[PDB]
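Okay, here we've got a single chain as structure tokens, the form deposited in one PDB entry, with questions on binding and movement later.
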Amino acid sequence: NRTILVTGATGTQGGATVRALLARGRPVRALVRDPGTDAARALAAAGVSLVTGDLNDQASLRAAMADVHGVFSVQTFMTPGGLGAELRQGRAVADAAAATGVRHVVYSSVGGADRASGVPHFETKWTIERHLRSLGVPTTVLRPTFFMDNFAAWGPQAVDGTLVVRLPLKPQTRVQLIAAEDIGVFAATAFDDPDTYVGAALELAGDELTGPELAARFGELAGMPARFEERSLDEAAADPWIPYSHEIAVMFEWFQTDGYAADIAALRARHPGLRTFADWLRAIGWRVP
């Protein structure tokens, strides 16, 4: 059986992984909590098999993994269960894979998880990585950087005729970015080349830009003036419109002090289709609100 079980299939990383897997010729089974949603029906229409389960329900995970070759493992921490739930879920996926004879887990972590960042939602992922390693289940770890896709909901607004990117970054802070579509590409590639990818951990980025450079990219596409403005970390941390704003502010402070460290040139050699930020803007057809 060549089937891959994709967790988080209706989400950003999982959805990208579904598309890459289908294109590469793998059967895809999607873990969904509710098979009756628009998103789940859309997956089925694309040729995905649905299985009902929940990352909090270990028995349901074992059932979801019946006869599959591989599992794509991704979790979110932005739920009522928070970071503790993310951690337990990641370890549950690993345990269920071990118990059901899964041959290959591709786990999505985060760039810098291995670098003692102290970012709470990076440390959860590191702890999950360590658990997978301890079980001996053949594993590839992907460590994605800043999702370009974040800018769909959190892109710049027009202020007095100028697009403003306002984020808790110094103007000089360089940030590595990855298109979610490329996370999917690497996940699919890993399953089809285990000789290269089993036992590997790979930090993923397709571009590296400062805030002013990000603003320039939007301005060039929009035909509008654009600028970057630094937001204070304390202000970002307190924002009632940003879920888990304190953890996110810790993360942005780490971008400022440390940051991601993917080798973009080496990734492009492996994957010539690796997307730049300009590519992301073109692919989504970004427009000013």
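Residue numbers count along the first chain shown, from 1. Whichever C-alpha set is largest while still superposing within 1.5 Å between the two forms counts as the rigid core. Compared with the form deposited in another entry:
- Just one of 262, 68, 55, 28 moves its Cα by 2 Å or more between the two forms on a rigid core overlay, and this residue is 55.
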The other form holds:
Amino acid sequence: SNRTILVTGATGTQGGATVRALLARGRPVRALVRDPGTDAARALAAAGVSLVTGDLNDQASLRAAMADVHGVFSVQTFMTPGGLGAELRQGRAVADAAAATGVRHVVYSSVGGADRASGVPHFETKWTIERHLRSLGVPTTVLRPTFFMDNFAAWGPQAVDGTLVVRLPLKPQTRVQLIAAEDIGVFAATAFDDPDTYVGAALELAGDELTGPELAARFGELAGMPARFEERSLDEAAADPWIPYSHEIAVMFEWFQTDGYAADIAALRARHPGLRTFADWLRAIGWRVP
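Having displayed the form deposited in one PDB entry, please output the structure of the form deposited in another entry.
A lone chain is what you will see next.
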């Protein structure tokens, strides 16, 4: 009264996962979408999500969408034509709308290390959004995901004559923390239902921590194929015409090499005993070789 959560990015990977986790806890869910006729929008409706049609970049539409809601899940991506500037404006606009409409709890998806002066441009934008939320005093839980399993499956492994080759700008011993989008959903929904524990918290999220060689072995094990890891230079990775936002990704990998994530996996698994390992996750999403 009212218990509804507005989920931004509801048709994307994190927002979609958050919708599922919320429905699994019996929260009512609302999403603001530009076109409710898409397959993704229609799938939300079939799941019981209330769709409001509108553009969230219209301030008034965003406020209208927050009418009577308890909470908002706020997530943006830099991977649009408006890039980091567009991301920043949208993140701050969601925050402003929440403050204006009396939203009781925002869960904001940031990034692990956002608070550690990484210098990674897309981390720094999320930090700026965190600071803005804090300045407004809206009750907030910040989730700071580590490396998404979901995106490092789409460009990591390549089949080369029957061997799976993971070629990334990591040293063979560089450990990388990873998180399933499904678990971001779990923690968002958990946060809304336990504000005493979660309001004012910022939690770095990982379900696994693996090297390049270990990642390759997991793909190969599932696929029934030999696998190997090969280091590539940061310069080579940065300049790759086939990797979207290659230069930005290379800056991020250099930060994995120099600094890296700091989630407390054990603490997270204590709270969420089903926290996915990479092996868990691969099997559950039926990963296939491209």
